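6 protein chains.
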Amino acid sequence: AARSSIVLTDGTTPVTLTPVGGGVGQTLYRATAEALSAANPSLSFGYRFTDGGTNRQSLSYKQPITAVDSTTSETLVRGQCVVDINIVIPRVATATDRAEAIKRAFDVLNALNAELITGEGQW
Amino acid sequence: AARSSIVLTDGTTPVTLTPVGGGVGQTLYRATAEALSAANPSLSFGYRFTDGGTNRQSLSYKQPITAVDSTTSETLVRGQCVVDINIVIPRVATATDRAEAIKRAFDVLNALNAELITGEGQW
Amino acid sequence: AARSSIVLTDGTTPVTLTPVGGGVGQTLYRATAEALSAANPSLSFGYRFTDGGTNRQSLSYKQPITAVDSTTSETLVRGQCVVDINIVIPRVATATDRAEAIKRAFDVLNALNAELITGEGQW
Amino acid sequence: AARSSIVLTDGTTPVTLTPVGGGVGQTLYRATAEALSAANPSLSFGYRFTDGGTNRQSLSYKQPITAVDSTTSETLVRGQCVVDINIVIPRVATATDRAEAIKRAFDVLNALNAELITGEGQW
Amino acid sequence: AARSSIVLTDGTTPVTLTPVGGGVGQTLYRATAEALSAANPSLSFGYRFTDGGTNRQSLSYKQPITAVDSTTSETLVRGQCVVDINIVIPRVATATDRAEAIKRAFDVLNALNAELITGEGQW
Amino acid sequence: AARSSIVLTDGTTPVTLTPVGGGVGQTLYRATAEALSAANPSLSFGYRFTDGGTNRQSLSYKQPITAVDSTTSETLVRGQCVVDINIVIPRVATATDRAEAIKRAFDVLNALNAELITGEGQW
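Protein sequence lines, in the order shown, are assigned to chains GM, AA, AH, AG, GO and GP.
Position 38 of the first sequence, counting from 1, maps to 38 under the entry's author numbering, and the rest follow consecutively.
Position 64 of the second sequence, counting from 1, maps to 64 under the entry's author numbering, and the rest follow consecutively.
Position 80 of the third sequence, counting from 1, maps to 80 under the entry's author numbering, and the rest follow consecutively.
Position 73 of the fourth sequence, counting from 1, maps to 73 under the entry's author numbering, and the rest follow consecutively.
Position 28 of the fifth sequence, counting from 1, maps to 28 under the entry's author numbering, and the rest follow consecutively.
Position 119 of the sixth sequence, counting from 1, maps to 119 under the entry's author numbering, and the rest follow consecutively.
Heads up, some of the hints might be wrong.
When chains are identical, the list treats them as one kind, so a pair holds in a single copy or across two.
Simulated crosslink set (DMTMM-like; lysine to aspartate or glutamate; CA at most 20 Å straight-line) [to be verified]:
#, residue 1, residue 2
1, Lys103, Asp69
2, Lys62, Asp84
3, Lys103, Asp10
4, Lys62, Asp97
5, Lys103, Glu120
6, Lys103, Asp51
7, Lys103, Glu74
8, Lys103, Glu34
9, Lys103, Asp84
10, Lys62, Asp10
11, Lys62, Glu34
12, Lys62, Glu100
Just so you know, the hints here were simulated from the structure itself, not pulled from any lab data.
With the hints as constraints, model all of the structure from the sequences given.
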């Protein structure tokens, strides 16, 4: 649809992102203002079609890790958390199998929870 | 945690997956039985630590698109829908930053819905 | 206005087109039906400017001549009825003059009707 | 489908173009707007059939922009708005697909209206 | 922060600019001042983010100088006053330093007033 | 008037700048505070003329991004918010037109406010 703002949330701290770039088959996002620059999440979002109707969509959400630097008191950023959700749906896919696959794979976090949120390695 | 079954769902048609292989830093899954083999979704799931505490988890959910072959009436499979959710969290990450990033990035489907479920290319 | 869905019609059988790509001073379109070689009507719109106020708009509406095969869901396409429309409006053109020129050019179909629809004449 | 005067109009001011030549395979039109004789619209309309049945019709409507110089009392020509409309119909096109394609292409002005009448670009 | 008409004014005569295109990464504006359509101000406004968080915004306000030729009664364009305002904000800039920097730079007109409004040079 | 001390402000925190050099058609500025790499805001002013009355004024307001270190009096600087403002006024520009052009351009901050201060938008 027409590019607009998105309200990526996690239940307690919503984040409003706005389209601040992109191109053809691509749409960058960035949070309006958290506290400074480089401490703002982004939601780069591409999409393209190969030879067939293979709807090769892609995503990348980068939330940077910020921490105080009391020796100077400047909110330096240490690193970022990267989540890439690639999606590939072939041309032969009916409209209901595409909806089945996308919603199911996004239901992993509800089912395979503790190994993603906490980072522990299953034995 | 200990490997077990998962109940990947999309609200109407739950899918029970069971661990049928894997290794160290890997755990394959497969649906018990939908109607035959090669028509069963899989939820390959890996995880590893690099030099740093970069919790480089990885996922791959594959749901195959099956269709009847009335000329022979054998339920042949045409292709598959693939969803890859890669996650990278560095060592410097606070335990609350990881949960924030994971849940926010998984909230994309709730936020950026119509371009994923339907496949339309936003303009 | 913004890139939206257009309802290109002929009085009896409307066709809805939604933007499918483009860029700056460029806007593709296509309809909702699906096919292999030629999918649907594709109204490309290529407006731009020049040294002066020479608004050098340009259009191209392709409708694919197709017939639906039996026992196969590929609706074989046979050709395409290309209809180009190029517009060149000078810098000195008052917006009333431009409206007159465009609405008079697009009134040919109601004046030079038989020669365009049937494809004959001028004895 | 004989050659006669046509009454191209925009709704407000009709302009009557009369033939001024062309021969076989084309027809030139021009209104009176006498004094000056070169300051009036024209409708160069040609048509032909290639090796196949590919009907290649072509229209070119030119409207010059006049300015009555009150000092000298002569009409001056500052430029011209040009609208070209090429129509290609392949050998395999049905008699109703022609009408569909033509009336849909000429219906752009009612769909893509603000981008043509006023000269905007869609954002 | 959606695209809508803006009401740029100097205190005496407001001018209303409405969007006329741009797509992602920029936005074009232009007032009506109809007849002629090229004799009215514009506000080409761009913005992007580089490899870092360097927000390189950019504006350009061109106002053409008109002259109503009473002899012919047509509007002539003699030239345009161009005002470019480039803004670069580095990756490390706090959200309150942006307001300090931008609002101070745009306060020059109140400080260096005579050298800009009248065109003098300081001696 | 003559080169003097300007009081560039933003409504809350004023800064006083005194000339620090330059020449003919050139005037540097800087504030009172003292640092090692980047001292203070530095507003350069580079007006000149051309073949015609083409008054090609030019500005640049750099405000360094600084945070004071602990135990050391060097107030480490991190970047600079460059804001260039170039002006090109033609020979035929009546001084009433030039006043409108400059004051309307500097009213963007009050019309295109959120996109400039916050650094987001245009959906």
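So, going through the hints one by one against the coordinates:
no.: 1; hint: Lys103 - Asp69; result: neither (40 Å within a copy, 26 Å between copies)
no.: 2; hint: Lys62 - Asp84; result: both (9 Å within a copy, 16 Å between copies)
no.: 3; hint: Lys103 - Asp10; result: both (17 Å within a copy, 5 Å between copies)
no.: 4; hint: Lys62 - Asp97; result: between (29 Å within a copy, 11 Å between copies)
no.: 5; hint: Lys103 - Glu120; result: between (24 Å within a copy, 16 Å between copies)
no.: 6; hint: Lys103 - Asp51; result: neither (25 Å within a copy, 26 Å between copies)
no.: 7; hint: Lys103 - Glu74; result: neither (39 Å within a copy, 23 Å between copies)
no.: 8; hint: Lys103 - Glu34; result: between (30 Å within a copy, 18 Å between copies)
no.: 9; hint: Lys103 - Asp84; result: both (16 Å within a copy, 13 Å between copies)
no.: 10; hint: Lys62 - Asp10; result: within (15 Å within a copy, 26 Å between copies)
no.: 11; hint: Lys62 - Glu34; result: within (14 Å within a copy, 22 Å between copies)
no.: 12; hint: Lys62 - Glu100; result: between (26 Å within a copy, 11 Å between copies)
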